[PDB]
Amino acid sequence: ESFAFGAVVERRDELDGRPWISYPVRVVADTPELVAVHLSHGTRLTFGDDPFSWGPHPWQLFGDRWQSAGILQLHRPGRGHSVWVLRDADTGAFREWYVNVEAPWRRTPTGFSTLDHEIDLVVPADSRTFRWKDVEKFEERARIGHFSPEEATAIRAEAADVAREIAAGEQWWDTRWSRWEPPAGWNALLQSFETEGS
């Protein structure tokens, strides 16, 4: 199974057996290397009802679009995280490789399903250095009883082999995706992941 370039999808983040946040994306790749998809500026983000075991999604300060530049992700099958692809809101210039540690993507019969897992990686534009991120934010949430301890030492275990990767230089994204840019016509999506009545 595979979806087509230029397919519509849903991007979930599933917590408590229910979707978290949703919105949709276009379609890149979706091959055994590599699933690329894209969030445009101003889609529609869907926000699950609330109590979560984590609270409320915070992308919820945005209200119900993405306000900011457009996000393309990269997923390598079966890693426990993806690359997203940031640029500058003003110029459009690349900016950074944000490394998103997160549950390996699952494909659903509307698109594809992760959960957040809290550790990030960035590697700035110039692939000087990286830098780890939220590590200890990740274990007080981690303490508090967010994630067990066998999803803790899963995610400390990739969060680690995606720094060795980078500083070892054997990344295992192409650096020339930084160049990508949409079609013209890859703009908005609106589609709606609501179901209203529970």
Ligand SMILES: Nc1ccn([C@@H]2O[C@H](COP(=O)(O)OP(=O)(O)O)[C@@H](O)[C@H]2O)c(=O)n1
Second form
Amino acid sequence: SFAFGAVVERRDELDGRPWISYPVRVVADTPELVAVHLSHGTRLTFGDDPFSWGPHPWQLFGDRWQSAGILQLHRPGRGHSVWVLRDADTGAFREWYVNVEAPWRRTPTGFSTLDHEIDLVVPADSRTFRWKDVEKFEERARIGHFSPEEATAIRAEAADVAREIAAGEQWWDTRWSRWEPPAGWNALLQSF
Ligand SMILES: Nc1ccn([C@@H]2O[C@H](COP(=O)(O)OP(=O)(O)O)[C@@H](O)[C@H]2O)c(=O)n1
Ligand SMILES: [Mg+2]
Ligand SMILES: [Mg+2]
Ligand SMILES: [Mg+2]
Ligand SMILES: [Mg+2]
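So the form deposited without the ligand is up there; where is the form deposited with the ligand bound?
Below is the entire complex, every chain and molecule, led by the chain shown above.
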């Protein structure tokens, strides 16, 4: 288990290799929570083409994290994480972003996952949320980016969190939306 402020890899692994990989700072690493911090300016490392799913979509923006920094929150065993998203101009908390993805696994350099296209967008202090990229996911399932078993399990995952949020029973502490990084927790440029 990793120390507070340790710099580790967070990777989306596709085709047996890193589709994207970037350095993050550990905020928590416990049996109930893995939280990590992706800082504004951090270098994003993309694997070389071709991938079965095309270039990672974040190459549109280039090879740094352009927005405000984010906290990723992840409950071990579960098929998503929750991102704390802030306004890049004002720094104000805008929303919870639920990224549906493979349950994270620990690697010798940090953690590995894979985005599973389905996303939930939750306004501050709200049980109403917006489904994002559902139809995009279903098309990608149709053409075989995910097998039927995987697609079944992604939809179940996503429906699970959607119900908890709408019930007002979000697994995570909502005080994370006001958490502030220590000073000097700035851009990280290393590549794994
Ligand atoms: N290199 C990057 C890529 C994405 N991002 C952030 O991620 C957001 C979404 O990028 P995206 O290609 O995933 O878009 P959608 O999944 O919202 O369609 C951007 O609007 C930025 O806020 C970034 O800050 N720096
Ligand atoms: Mg996206
Ligand atoms: Mg996603
Ligand atoms: Mg998506
Ligand atoms: Mg999109």
